[PDB]
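In structure tokens, one chain follows: the form deposited without this ligand.
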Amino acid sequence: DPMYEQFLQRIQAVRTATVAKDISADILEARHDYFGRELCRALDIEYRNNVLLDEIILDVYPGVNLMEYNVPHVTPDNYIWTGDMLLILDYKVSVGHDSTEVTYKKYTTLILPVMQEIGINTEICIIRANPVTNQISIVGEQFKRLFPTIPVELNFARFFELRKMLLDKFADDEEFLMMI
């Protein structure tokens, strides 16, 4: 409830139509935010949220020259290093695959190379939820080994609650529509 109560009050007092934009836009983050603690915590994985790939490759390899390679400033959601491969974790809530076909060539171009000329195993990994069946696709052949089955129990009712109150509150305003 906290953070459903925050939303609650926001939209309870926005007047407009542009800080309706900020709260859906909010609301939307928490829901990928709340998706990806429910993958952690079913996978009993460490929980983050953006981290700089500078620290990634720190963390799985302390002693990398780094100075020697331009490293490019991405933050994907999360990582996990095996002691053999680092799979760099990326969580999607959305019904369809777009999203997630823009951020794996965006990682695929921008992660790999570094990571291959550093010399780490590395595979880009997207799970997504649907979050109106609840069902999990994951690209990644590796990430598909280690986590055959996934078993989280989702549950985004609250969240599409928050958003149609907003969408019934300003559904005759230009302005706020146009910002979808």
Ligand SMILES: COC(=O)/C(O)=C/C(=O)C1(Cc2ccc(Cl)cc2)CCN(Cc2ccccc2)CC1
The other form holds:
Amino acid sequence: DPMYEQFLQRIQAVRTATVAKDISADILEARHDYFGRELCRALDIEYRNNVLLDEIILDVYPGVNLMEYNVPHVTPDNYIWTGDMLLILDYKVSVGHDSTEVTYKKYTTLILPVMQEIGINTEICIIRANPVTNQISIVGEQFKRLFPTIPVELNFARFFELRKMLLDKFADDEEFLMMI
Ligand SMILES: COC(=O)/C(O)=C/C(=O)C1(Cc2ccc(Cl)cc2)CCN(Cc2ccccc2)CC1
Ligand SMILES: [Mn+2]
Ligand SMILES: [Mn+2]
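What's the form deposited with this ligand bound like, now that we've got the form deposited without this ligand?
Whole complex next, starting from this chain.
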């Protein structure tokens, strides 16, 4: 596994709490990106990670004139354009709901106004995987209608092993326990 080994190499050679912080972060993001690929694979939809809203608009409505609109330059993880509806997908990997609400509020408030003016029928989807129990939670009714079952085989254990090593290595470093 080239990704585990590169994290491992970094956890082995890290000496300072600020570079440790970055490794923690990098882990949680690769754990997010891992779920995105597995999710998109199981549904057989295009995999993307951070698409600029302006780019999403132009794929779905080529004739648009961006300048005539105030488009917030958000980058949702992904989207599905069915031809009559746009599903804005963001991935999450969390035991709690707090990251989902924060993102749901952010995309509902910033993306939906401009999509209504442009006239594109849009829904905000947030798909979360609990990394401990592998259970998925979906916010988005049209998404649940298109994907009633999600047949993923998720295994987050290697990410947890790597971060636990990092947390143990810095268990007596007050500077790091604050940063996390
Ligand atoms: C899970 O959903 C998110 O939280 C998310 O997908 C965020 C991202 O894409 C960024 C990378 C990332 C970080 C941590 C984790 Cl664990 C997973 C992915 C990259 C884009 N970046 C937009 C941004 C940047 C600065 C301030 C405000 C927004 C956010 C982090
Ligand atoms: Mn993202
Ligand atoms: Mn995401």
